[PDB]
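There is one chain below, alone, in structure tokens, taken in the form solved without this ligand.
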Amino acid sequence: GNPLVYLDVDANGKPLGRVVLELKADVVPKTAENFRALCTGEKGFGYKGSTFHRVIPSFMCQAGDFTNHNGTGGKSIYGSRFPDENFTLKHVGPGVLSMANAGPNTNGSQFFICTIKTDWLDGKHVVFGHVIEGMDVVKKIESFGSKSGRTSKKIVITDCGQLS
């Protein structure tokens, strides 16, 4: 069935808890597989030790730039970037997991978790999973953001991996 992955998150060195995510490999297999492999680190690089670098309250929490830590970097398991797989899943509400990008067909490793319904992103960002457990942790992360995206605390993915 669909993979379950986790992110364990710290804020200024203090554990916030675990976010568990279902990846919708049934609908977006290529996009799901990229995220899964980046969680396990099995290609020799991935999310462990990287940060949530842009967090905007009442909108989204963005992470996944493990090369430059500022929103300019990251890479996929396929190459630097890969195409938009499909736009079948929508940004239906809080807990949706979606690919960040720099325009059409520029997926890498950066992703975001929505904290509201972001319907204006439908057809522009590939949705590929959802939070199963840990929305409370996501809400804590959201509370440390600001309108500019700057975080008031350093938010680090201290561990991550695959549960099933």
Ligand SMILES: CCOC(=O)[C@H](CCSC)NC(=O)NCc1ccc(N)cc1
The other form holds:
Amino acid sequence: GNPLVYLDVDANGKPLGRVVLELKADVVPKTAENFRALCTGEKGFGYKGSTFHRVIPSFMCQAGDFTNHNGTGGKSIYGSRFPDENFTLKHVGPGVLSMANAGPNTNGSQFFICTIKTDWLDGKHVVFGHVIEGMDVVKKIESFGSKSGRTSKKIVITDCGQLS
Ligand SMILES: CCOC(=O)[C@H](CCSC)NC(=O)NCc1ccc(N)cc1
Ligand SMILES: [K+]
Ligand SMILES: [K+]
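Okay, that is the form solved without this ligand; can I get the form deposited with this ligand bound now?
To see the whole picture, the full complex is given below, headed by that same chain.
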């Protein structure tokens, strides 16, 4: 079945809880596999210890720049960037998990979790999963953002991995 993965998130070193995500390997196998492997750290790099660097209330929580920590870096398990796999899944509401990018065919490691329906990103960002449990944790993260995206606390993925 589709992988179930988790992120354990803290804010200035205080635990906020766990976000559980389903990855749609049945629809975007290569995108799902990248995220899955970055959660386990099995390639020797990934999300553990990195931050949510850009968090905009009523929009989304963005993370996965584990090289530069500011939205300019990250890398995939395939190399620095990989193509847009397809745009089959849509940004249908809060809890959608989608790939950040800098234009067509620039997927790396950065990703976002939507806190509203972000339909204007349909056909532009590759959707690959959704929140199974811990939308209340996502809302806590959202609470530390701002309209600019700057966070008021350091929001850290303290642990991550695969459940099934
Ligand atoms: C809500 C998601 O927002 C984004 O993805 C914005 C979009 C700027 S318009 C291209 N981009 C960004 O924050 N960051 C740019 C970026 C750079 C390299 C990779 N591998 C991924 C992303
Ligand atoms: K806006
Ligand atoms: K800094």
